[PDB]
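A short worksheet on the structure shown next.
The complex appears here without one of its protein chains, the remainder shown in place.
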Amino acid sequence: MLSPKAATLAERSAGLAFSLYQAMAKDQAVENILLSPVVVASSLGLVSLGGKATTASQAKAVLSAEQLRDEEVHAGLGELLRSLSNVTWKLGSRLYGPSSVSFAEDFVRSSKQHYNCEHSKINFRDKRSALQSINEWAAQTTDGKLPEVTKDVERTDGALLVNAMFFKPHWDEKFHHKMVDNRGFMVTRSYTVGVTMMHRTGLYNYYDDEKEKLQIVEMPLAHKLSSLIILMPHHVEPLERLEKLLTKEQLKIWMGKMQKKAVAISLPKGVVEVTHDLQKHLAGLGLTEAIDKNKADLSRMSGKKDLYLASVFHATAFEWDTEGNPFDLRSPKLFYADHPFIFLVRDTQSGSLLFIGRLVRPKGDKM
Amino acid sequence: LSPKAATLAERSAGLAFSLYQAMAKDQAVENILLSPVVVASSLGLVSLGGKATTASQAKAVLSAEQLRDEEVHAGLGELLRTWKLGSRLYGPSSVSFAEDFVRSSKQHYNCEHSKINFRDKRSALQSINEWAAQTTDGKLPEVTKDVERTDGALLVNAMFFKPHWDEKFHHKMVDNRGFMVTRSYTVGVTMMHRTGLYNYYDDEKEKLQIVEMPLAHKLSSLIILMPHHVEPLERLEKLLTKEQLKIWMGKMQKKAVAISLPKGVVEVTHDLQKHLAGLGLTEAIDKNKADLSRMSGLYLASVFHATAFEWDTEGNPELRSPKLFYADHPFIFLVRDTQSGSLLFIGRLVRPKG
Amino acid sequence: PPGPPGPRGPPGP
Amino acid sequence: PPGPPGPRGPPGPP
Partner (left out) sequence: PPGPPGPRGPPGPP
């Protein structure tokens, strides 16, 4: 049960996550999307904690938390971050600064206390060794599930905020370990990728919108504490059309229209690795001073105005596996996920969004 | 297997492509079902029962001119010897078959003989049909609805063939699907489905797929040629030669293929009379020119080649994302002996029953 | 065992 | 027993 501070911050983080998803979905250079609302919000919390004046106030504004006290934002976000880990879930946050920088004692202490932030000095001039450190740190944090964050560090002079995550939804009703085979995933009508798919038939909350040509299914996670919801068009098409319909309000309508039905769910099985550099997307949402070398004031992090935010790495290894609770119809409806789909992970009690994303292109070879 | 049989086998199969093509060109013809060995045995019977040009043309259509009569009959006899086959020669009541021919035609061709009166056309059709139904145990209950030539000899071949897969289809992997005869005409059919490792080749340039389906104990194989989408078979038939088949076979590789096929009995009756004359058997067919004096008394009126071909699930009791071989449109098929390469069958399915 | 493949899609416009 | 049929194939090209 979320405290009042954490409940409003959860609702604010979700609003932001929808806005970020929508911004990123407009970007033609974005394929798969994986966003943890609380982790995104905690990035804004660190900028506010390490910033002064407009650099810090814009971070609170992007999170729609400008009318909240700094203490309320740090405590609220701390409580939400801890609620994410209360077995499989793995999170790490690390601030990388150039070797020519020194992090302030007060910021190190409080960023550790509220955000579990780690701090490291890195020689960005030696590109291979810098990538090696970041990817090895990300790899250990996720126990090898996320072995690489980025293939390039384009700028030697700024701060690098890195969030490395591993999430594996645990079904309330597990898929049978042998109900796995090779199928073709249609990325487009003309491009098919060889994938492994897992299959299960059960009683699931379902709704087939014949008007908007889409299907929505709810998959409860272990002990019905959370649920994974999947939105998919009837046939292969780009997600842009469905994304126009995707709002907090339209989701509520769909959820209410859902009913328990026999559904044969077929899903791609494997680890989806996504790394976003949210720096530009957060800038587009109002975080302008923090990313500008000539304007940024991150003097609480480093003692002076030598630092600006170069990148905000939100990196996730999301695993679709058969594993779930050892629990467990004549003519089921098919939910055959062999084409791009949208998914959300929602806490049942609070309604808090753990994840929002989309699978447009899984791993594998072209067939 | 023996030198004579193997040498006669290539000839019977050379005639298979020749006859299939001539029939494929005929616009009245829909489905095709031909047994090359059975067709060849009919030419052997004409050579056995004929004299001079009537018999020399029979050997010529068989490309067996330079072979001794004994080699032809022994070679075909061995080749010929689920599969139900019956061969019977019907002659008018005014005729009498010679003892020597009856003995030899039985020894080489397992040929049967009967006298028939066309005075009652219904009773004559009744005799032929009943004989065919018993030969095939009811699988082929009717041969023809009319006998256009009543003054000559009627060679009648009645057959039942059911390929038994080396890897059976599941008895419940059967459902109702639409078979596209054309882009505008669809017939309700029953289809059987199976996924397994099959020799396969997809010719992206000629827009066709070829699959090899081994029959029980890999003694023979059923090969299916089909275009990518619904289109008349005329285009593929131009490509269908003994040589192009070898190229396709060599280009094939074992792949995961989900094969979907129409399930049911395909009944086809061909009158080979005009087609064999088109291939060179002109004298035997002509009342005024035919010399069948070795049978005694006249001319070859018809050569009925009637077949009930059954596509069933039955057969002998991981894989990558399979390629689909969805046979819901016209296709060509061949049944080939693995050892010899001899053709047991050549045909096409353009319009099933439903 | 896996079920049969689905029916053929509709023709193009 | 065998599973249900798969989903309908994609529409043909224009």
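Per-chain numbering from 1; labels A, B, C and D assigned in written order.
Here, a contact is a pair of C-beta atoms (placed from the backbone, for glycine too) under 8 Å apart; a residue touches a chain by one contact, two chains touch by 3 or more.
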Of A:201, A:227 or A:316, the one touching the omitted chain in the full complex: A:201
Option touching the unshown chain, where B:106, B:229 or B:251 are the choices: B:229
Absent-chain interface as seen on chain A, which is shown: 176, 179, 181, 183-184, 186, 197, 199, 201, 264, 266, 334, 336, 338
Sites on chain D contacted by the missing partner chain, in the whole complex: 1-14
Touching residues on chain C - with respect to the absent chain: 1-12
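Simple rule for what comes next: only the chains that are shown with their structure count from here on.
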Rounded Å distance, chain B centre to chain D centre (Cα mean): 34
Distance from chain C to chain B - Cα centre to Cα centre, in angstrom: 32
Multi-chain contact residues (two or more partners), chain B: 170, 173, 175
Multi-partner residues of chain D (at least 2 other chains): 2-7, 10-12
